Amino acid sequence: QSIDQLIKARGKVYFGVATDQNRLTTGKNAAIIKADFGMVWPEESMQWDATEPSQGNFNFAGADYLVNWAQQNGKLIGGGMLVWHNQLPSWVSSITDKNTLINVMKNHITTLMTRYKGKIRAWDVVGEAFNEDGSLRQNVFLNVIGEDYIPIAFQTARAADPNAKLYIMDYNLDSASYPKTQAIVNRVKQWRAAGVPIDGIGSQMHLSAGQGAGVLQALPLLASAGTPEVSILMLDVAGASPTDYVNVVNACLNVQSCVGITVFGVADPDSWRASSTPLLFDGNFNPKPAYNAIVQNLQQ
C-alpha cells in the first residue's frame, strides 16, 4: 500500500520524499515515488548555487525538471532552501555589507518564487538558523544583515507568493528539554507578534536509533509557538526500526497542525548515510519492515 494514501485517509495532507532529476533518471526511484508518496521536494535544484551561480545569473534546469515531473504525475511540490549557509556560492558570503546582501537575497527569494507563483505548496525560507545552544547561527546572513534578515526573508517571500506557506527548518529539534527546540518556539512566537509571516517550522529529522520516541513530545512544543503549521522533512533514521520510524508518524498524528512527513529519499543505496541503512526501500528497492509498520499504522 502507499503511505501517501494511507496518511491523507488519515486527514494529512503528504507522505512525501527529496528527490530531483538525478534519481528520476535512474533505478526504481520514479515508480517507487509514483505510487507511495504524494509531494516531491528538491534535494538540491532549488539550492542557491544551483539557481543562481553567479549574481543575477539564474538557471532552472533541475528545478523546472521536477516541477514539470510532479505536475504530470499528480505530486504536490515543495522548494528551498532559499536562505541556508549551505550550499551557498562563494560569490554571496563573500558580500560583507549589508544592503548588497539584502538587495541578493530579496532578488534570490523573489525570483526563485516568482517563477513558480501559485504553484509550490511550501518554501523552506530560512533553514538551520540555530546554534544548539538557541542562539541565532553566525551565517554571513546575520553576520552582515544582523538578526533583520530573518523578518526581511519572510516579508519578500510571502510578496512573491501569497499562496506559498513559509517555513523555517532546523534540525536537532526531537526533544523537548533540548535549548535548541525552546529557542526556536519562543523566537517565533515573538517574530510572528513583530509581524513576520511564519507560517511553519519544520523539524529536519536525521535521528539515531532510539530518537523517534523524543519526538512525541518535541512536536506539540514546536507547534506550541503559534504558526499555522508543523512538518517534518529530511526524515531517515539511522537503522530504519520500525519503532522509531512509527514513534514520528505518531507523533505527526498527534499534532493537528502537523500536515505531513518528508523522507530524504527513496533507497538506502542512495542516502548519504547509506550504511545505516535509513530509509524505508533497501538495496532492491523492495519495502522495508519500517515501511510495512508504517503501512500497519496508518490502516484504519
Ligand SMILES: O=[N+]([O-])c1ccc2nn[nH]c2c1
Given for the second form:
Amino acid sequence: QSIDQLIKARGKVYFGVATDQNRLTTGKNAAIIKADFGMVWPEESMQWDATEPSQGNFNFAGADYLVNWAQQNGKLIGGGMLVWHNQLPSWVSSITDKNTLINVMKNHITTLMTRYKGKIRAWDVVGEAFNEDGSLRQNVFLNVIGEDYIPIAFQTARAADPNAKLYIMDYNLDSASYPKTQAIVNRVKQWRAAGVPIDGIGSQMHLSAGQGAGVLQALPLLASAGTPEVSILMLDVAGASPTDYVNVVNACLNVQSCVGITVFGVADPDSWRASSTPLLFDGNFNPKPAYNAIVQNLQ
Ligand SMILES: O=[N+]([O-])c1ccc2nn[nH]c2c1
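The structure above corresponds to the form solved without 6-nitrobenzotriazole; please provide the structure of the form deposited with 6-nitrobenzotriazole bound.
Whole complex next, starting from this chain.
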C-alpha cells in the first residue's frame, strides 16, 4: 500500500522522498517512488554547486532529469536549497561585499526558479539560518549582507515564481522547549509582519530513537508562526522505530497547516547513516516495520 495515497486520503498533500537521477537509474528506487510516494525532492541536483559552479554559468542536467521524471510519472516536485551555507561554491563564500553577494544571490534564485516556473510545488529558499541558541547563523550571507538577506531572498523568490510555496527550513526543531524552535517561530512571525513572503517552515527532521514524541508539541509550535504551511523534510530516524515514525505522522495529522512529510531517501543502504537503518525500506528494497506501521496508522 502507498503511504502517499493514504496520507492524501487523510487530507494531506503528499508523502514525499528525496532522490535524484543517480538513484532513479538503479536499484528499485524508481519503482518504489512510482508506487508509494507522491512528491520528489532533489538530494543534490538543485544545490548551488550543482547548478552554478562558476558565477553566471548554470547547469541543469540533473535538475532537468528529476523535473522531467516527476512530470512523466505524475509526481509533485520540490526544489532547493536556494540559499544556505552547505553545497556552496568557494566563489560565493569568498565574496566579502554586500551588493555583489545580493546580486549573485538574486541571480541564483531567479535563474533556478524561472526555469521550472509553474511546475514546482515548493522551494526551500533559506536553509539552516539559525544557531542552536536561536541567534542567526553567521553564514556568508548574514555576515556580508546582514539580516536583510532573508527578506531579499524571499521577495526575489516570490517574483521568480509566484506559484511556488516559499520555505525556510532548519534542523533541531524537534522540541517545543528547545531555544532554536522558539526562535525560528519568533523570527518568522516578525519577518511576515515585515512583509517577507515566508509561506512555510520546514522541519529538517533527523531523529534519534525516541525523539518522535517531542515532535507532537514542536510541530504545533512551528505552526503558531502563522505561515500558510509547515512541512517535515529530510526525515530519517535512527533505528526506524515504528513508534517514532508514527509519532511524526500523528504530529502532521494534528497540525492543520502541515501539508506532508518527505523522507530522506528510499532504502537504508543509501542513507548517510545507512547502518542505523533509518529509512522505510531495507537493503533488499522491502518495506520495513515502520512503513507498515505508517500504512496501518493512516488507514
Ligand atoms: O526534504 N528533503 O528530502 C529535501 C532534500 C533535499 C533538499 N534540498 N533543499 N531542500 C531539500 C529537501
